[PDB]
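Go ahead and model the full structure; you've got the sequences and the hints to work with.
Number of protein chains: 2
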Amino acid sequence: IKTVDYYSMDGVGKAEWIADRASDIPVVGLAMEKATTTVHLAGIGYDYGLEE
Amino acid sequence: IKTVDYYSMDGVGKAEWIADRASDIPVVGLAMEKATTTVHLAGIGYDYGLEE
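Line by line, the protein sequences are chains A and B.
Residue numbers for the first sequence follow our numbering, so the first one is 192 and each next one is one higher.
Residue numbers for the second sequence follow our numbering, so the first one is 192 and each next one is one higher.
Since the hints were derived computationally from the structure, they do not count as laboratory data.
Don't take every hint at face value.
In this list, chains with the same sequence are indistinguishable; a pair is considered to hold if it fits within one copy or across any two.
[Claimed, not checked] Here are the simulated EDC-like cross-link-like pairs (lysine to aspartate or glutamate), alpha carbons at most 20 Å apart as the crow flies:
{"no.": "1", "residue 1": "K225", "residue 2": "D215"}
{"no.": "2", "residue 1": "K193", "residue 2": "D211"}
{"no.": "3", "residue 1": "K205", "residue 2": "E242"}
{"no.": "4", "residue 1": "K193", "residue 2": "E207"}
{"no.": "5", "residue 1": "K205", "residue 2": "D238"}
{"no.": "6", "residue 1": "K225", "residue 2": "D196"}
The structure is reproduced here in structure tokens:
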């Protein structure tokens, strides 16, 4: 595999005082999020001669 | 015997990052060693006369 991914999420909003007959009410909102990290390859071996 | 011998060994190597269709893989190696001590002689005795 070449990558690994993970998610996170958050939301926001506010509260306010409202009058009896009016229309000014606040709303909320959402969001999501993704993040990444990677994976690499390495190695180590050996060797020898014939009369060794 | 007048000497006593003992042995020791060690080795080295290193790992590295490679690619895909390449050939760069690193090798390892070894070595040995010897040490010595000595042995010596001592004595004690006694003597006595005849009529003693």
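Hints versus structure:
1. In this homomeric assembly, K225 and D215 never come within 20 Å of each other (Cα to Cα): the closest approach is 34 Å inside a single copy and 36 Å across copies.
2. In the homo-oligomer, the alpha carbons of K193 and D211 lie at most 20 Å apart only across protomers (13 Å), although the nearest pairing inside one protomer, at 58 Å, exceeds that limit.
3. Neither within a single protomer nor between protomers do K205 and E242 lie at most 20 Å apart by alpha-carbon distance, with minima of 81 Å and 25 Å respectively.
4. Taking CA atoms no more than 20 Å apart as the test, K193 paired with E207 passes between copies only; the shortest distance there is 18 Å, against 48 Å inside one copy.
5. Within a single copy, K205 and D238 get their C-alpha atoms only as close as 69 Å, which misses the 20 Å cut-off; across copies the closest is 14 Å, which meets it.
6. Taking the shortest alpha-carbon separations for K225 and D196, only the intra-copy value of 7 Å comes in at or below 20 Å, while the best inter-copy value is 54 Å.
Checked against the numbered hints given earlier, the structure breaks hints 1 and 3 and satisfies all the rest.
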